[PDB]
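Below you'll find only one chain, the form solved without S-adenosyl-L-homocysteine, shown as structure tokens.
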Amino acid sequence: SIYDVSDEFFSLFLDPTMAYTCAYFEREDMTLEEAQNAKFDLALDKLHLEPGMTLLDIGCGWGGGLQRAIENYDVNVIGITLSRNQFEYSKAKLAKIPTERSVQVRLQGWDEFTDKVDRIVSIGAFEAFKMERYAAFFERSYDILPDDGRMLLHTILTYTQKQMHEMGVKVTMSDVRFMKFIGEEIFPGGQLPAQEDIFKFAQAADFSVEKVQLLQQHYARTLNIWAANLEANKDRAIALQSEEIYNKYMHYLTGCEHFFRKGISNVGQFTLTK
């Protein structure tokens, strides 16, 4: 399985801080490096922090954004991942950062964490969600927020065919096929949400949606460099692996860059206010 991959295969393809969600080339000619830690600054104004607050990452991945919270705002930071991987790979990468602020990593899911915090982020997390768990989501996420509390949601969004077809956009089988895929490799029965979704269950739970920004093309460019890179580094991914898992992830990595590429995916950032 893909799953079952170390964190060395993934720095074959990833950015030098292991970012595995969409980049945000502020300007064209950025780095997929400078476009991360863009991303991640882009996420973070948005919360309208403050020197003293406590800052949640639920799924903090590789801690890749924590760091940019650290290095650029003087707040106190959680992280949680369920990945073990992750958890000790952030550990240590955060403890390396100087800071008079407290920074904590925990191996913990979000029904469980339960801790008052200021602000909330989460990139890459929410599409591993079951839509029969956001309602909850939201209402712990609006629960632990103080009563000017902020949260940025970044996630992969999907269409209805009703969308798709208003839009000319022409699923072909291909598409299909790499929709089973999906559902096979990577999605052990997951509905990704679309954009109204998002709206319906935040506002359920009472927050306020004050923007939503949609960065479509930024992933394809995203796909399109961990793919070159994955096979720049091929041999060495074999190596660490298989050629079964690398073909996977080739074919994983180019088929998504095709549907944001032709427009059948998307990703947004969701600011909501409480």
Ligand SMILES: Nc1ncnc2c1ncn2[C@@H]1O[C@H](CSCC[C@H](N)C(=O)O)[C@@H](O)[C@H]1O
Contents of the next structure:
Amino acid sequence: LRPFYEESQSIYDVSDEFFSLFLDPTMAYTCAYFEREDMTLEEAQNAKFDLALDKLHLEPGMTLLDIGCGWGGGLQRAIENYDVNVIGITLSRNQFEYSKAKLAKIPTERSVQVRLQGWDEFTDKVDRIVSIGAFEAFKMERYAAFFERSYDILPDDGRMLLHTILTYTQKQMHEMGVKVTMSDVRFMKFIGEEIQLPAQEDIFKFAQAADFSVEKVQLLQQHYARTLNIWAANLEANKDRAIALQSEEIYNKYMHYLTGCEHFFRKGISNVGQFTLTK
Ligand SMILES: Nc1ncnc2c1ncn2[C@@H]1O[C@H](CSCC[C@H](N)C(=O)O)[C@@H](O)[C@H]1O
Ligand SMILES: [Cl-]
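So that was the form solved without S-adenosyl-L-homocysteine. Now I'd like the form solved in complex with S-adenosyl-L-homocysteine, please.
All chains and molecules follow, beginning with the one already shown.
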């Protein structure tokens, strides 16, 4: 704690325009799914959203909730590909306004709602839930309430797709032969300052405590390494504009974050899973 207040430059202070320098046009900010090896980033992001949505067994007329909708790409796929009502919620005002404006332009015969709202305040009954990349922003003290609230707002036949990043235990790493180095440790400290993760077993434990069953987990480890690689290449290609919009310090922090995380997935320290939860 510094005695004098300092309005500093944070990676969280950048505009939508900055993110458009390296995200694909749909502005997905989570692991893509290279269902075909030759897919572009945009095609793999659409394929990731389709992968999650397909696991929900959506039927015409249902209501889908996207917990943590970001810049709206998941809800666009849902509106375009299913005859369903949608609700998207986010804690980001920029993402809220962006998703609202994006989805307002999409023809639809169903209801569409975008809200600046946390899951802890959400009580609407919905038929299915998708949540991609939101869980890693939750504190572990709130995990149980999250799964309990998710269970409660679903019907008897309800299904939830939970997509989130994962870590391994030391024993599993020693088993798998993953050696964590000092530079890895220093990067984890960089994360704790600028930005602990659950293991796959933790997700099973918490979902089951809320009376969900885990029907499926699908791991996308190397898809994330490739997703982060492309993001980093795009940002580097747009370096001059990133520095003009922000600064070399902000550019460097993002580049360090993207390429460090890429290394963690490539090396096998981290993973990312889609959990199909049923009721
Ligand atoms: N407690 C909470 N309740 C609701 N949304 C939350 C939340 N904590 C984080 N979020 C939202 O979760 C999102 C994480 S970013 C992932 C965005 C999108 N699903 C994608 O795949 O690109 C952001 O929109 C963030 O505002
Ligand atoms: Cl900016």
